[PDB]
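Below, in structure tokens: the form deposited in one PDB entry, a single chain.
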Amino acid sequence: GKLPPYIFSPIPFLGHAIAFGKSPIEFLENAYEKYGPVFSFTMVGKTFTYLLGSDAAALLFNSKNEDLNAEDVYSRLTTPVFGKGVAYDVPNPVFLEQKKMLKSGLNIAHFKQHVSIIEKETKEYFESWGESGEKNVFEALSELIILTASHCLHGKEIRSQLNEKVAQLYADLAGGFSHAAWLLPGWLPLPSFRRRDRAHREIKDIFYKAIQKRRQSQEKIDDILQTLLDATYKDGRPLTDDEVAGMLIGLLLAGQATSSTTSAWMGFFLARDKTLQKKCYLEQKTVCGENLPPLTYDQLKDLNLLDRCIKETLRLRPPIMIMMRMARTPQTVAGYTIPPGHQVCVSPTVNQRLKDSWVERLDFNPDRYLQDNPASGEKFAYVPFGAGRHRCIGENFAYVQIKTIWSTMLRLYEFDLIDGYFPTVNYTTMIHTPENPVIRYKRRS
């Protein structure tokens, strides 16, 4: 079996680590041109095989965890932040049971409740913005999305305990998602690691007293906490108070920097394209009514332009750039055999700008989906939340949360660039962030 084409590097251990780190997207696009869909190279003594394009990505998106393993690549980062016994610290079947439990609060019946929760939070938060100014929308959306996801997913006994202190602790635990946490051992006396371990212990404790409060409650609430508190594995094994907390902390942290970056990038795409922005505001009136009543789940699904703007934002600025698995069984793709031991990776970001499939690939064209597009015309060209089995379980909530916030924000304000500056992409963080994300705003009406 032919091994995928390898990119030679004169750098022994680091390999292509630095050239990749500077512009990973340009690195992979150039490799696609010179080497094709499947190629391999080493970074930090690890050998990576990338699957570019829809046909190649199919291998990972259709794979089973026995063949292409997730825990191998993601636990050393994850376990320190979310805690033991949860997510990638447990066998995949046990994780699948945890995932299904979480689904009990990730459905339409609950999303109808979430819409008015998120709208009200968006309004109350942006009270502090006044009538106009120049503020960092990324910092703002981070703070709002913490309060909104804690309210809808964690409950009101945790949301009432949410202050600036606890918001810092969540950012301290988010510091555990570093390249240093991935490569260097976790016990090392490094600053980010101590803040994670310290916050973890403190956040768990806030969650422990909220769990007890509910356990001794007269009435029951239909929400995710209630399920996790009253649920058992098939074995009949109950969840620990530690497991419940970790699953909740992990649920919120998975959709924070993912939703906060996307939400912010869309503002800039809409601030740059002023006519496209007003048309979205016009849709608020046409779909919901001239009185602009409180948003409903049903209304959100009729905001088609806004959906395409969210879709186009996710195409050009997806938060998760690489999806990674470890080869335990030899896999076959494009006539090559990937050897057990290679880390097989797919980049949604690259597949969603591949000149071979995307017309005007670098243009924010939300009407690209009203005509022939790779998102409908290929299986794995548009894969921002993943695909096949390896899909995001929070995708539907991400859409409700982002549509509700931005519907609410569009009603509240009109947005513009400051001297026509569009934020460059900060490639140095795992979730690519916008540089200098200060936006100009004024009151719409």
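Positions refer to the first chain, counted from 1. Only the largest set of C-alpha atoms that superpose within 1.5 Å between the two forms is called the rigid core. Residues that one form lacks are left out of the comparison. What changes on going to the form deposited in another entry:
Core superposition between the two forms leaves every listed residue (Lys100, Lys285, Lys165, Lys112) with a C-alpha shift below 2 angstroms except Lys165. After superposition on the rigid core, the Cα atom of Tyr233 is displaced by less than 2 Å between the two forms. Once both forms are overlaid on the rigid core, the distance between the two CA positions of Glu143 between the two forms is under 2 angstroms. Core-aligned CA deviation for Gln216 between the two forms: 2 Å or greater. Segments of at least three consecutive residues in which every Cα is displaced by 2 Å or more between the two forms, once the core is aligned, are found at 163 to 224, 388 to 390.
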The other form holds:
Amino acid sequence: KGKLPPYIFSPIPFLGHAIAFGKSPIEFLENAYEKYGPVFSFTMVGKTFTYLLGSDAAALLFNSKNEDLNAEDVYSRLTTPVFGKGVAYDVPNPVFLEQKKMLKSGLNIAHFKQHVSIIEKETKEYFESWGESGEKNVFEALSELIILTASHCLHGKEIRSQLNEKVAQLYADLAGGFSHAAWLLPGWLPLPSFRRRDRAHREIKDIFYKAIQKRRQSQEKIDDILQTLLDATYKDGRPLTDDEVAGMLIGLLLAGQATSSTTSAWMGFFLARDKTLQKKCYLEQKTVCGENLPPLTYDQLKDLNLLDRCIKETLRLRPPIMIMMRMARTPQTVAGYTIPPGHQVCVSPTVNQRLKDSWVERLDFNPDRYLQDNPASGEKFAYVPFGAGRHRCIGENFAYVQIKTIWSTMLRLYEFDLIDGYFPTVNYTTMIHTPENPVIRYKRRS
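One more: the block was the form deposited in one PDB entry; return the form deposited in another entry.
So it's only the chain below, everything else dropped.
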């Protein structure tokens, strides 16, 4: 009822902080935290935004019911142009919850066991074109490759065979629609995400009419994923339209690719920058898999603990998801403040995960930080790259399978280096932080 969180003055009448935030969001929220503490509001584009920084505040959002802090109210703008109607934030949460469970069917030890071989092969195949040595763009490569690995692993061999590396460029433009601008403005501007949704939709639509050409009198007794969707029905019983199916396959692919490819690229540069550490990851491959480095198996992954912490530290310093957003529909209180209905409520993993008074040597890439007590273990919500509560990621496990496998394979192929000391800066083009000038030097390993 009572007290609003501290408000941050802007001299710009309706825009508010839209420009400064859009240009440098992290810097902004860090500065805001030092001056206003962990809970504050500011205006952007005639709207009020309340951020919850650090673990104790962020808990309000993470522990929230969707009825009170609503996701789709914010997210539908961003994702409905990308996935299309009928799926995700374009439907009630009870429906989206049903879809979420369909997609979880593919995600268990059974499938992961097969995934590891697919991924290792796709990777090795892909990086032939790099030959023995050079200087190349590793982010473009992983973007291409992970289209292939993700579609193969999650979507099946059939779908995979109709996709190729040109589809990465569709997906860059899909992900291009996850921008400050798209977040805050009505969709009438130079977003070509719509063209790429037209294409990615068509591409995925051929595939239904392919299984459906057989679906008539050919009932598949080969286990697939598109099959699961076509075969499945909602709680109430109704079957998914060809449109629902299609959207969910676009989303599943983006899910497997967008967050993984930026993360994978960053790890590259962190390891290229710290050579001692890259060495040990290589040695770990041998210690764990044997000096003769045979093909990778799912069961080897759980023991690649250093690489595991390298992924963890990358997601700490460069999470692919910088902020999560909800719309307050009912008043809410945190830290002695009341957030009224209408506030957009936000948390930032990026910020939480380098908080000046939580994370010692906050900006250092040190994966050994997890071998002593640290906020990821000793706080509930200081480390949240995959989120928490009712909205959290179903795909963390697959994600780690893909990135470990790709980077296990890649360390076996090459030794990586920076080019004249240059460590990529952050590119805030989109709300998925990619690295600047992501060209890595590489030569043959061993």
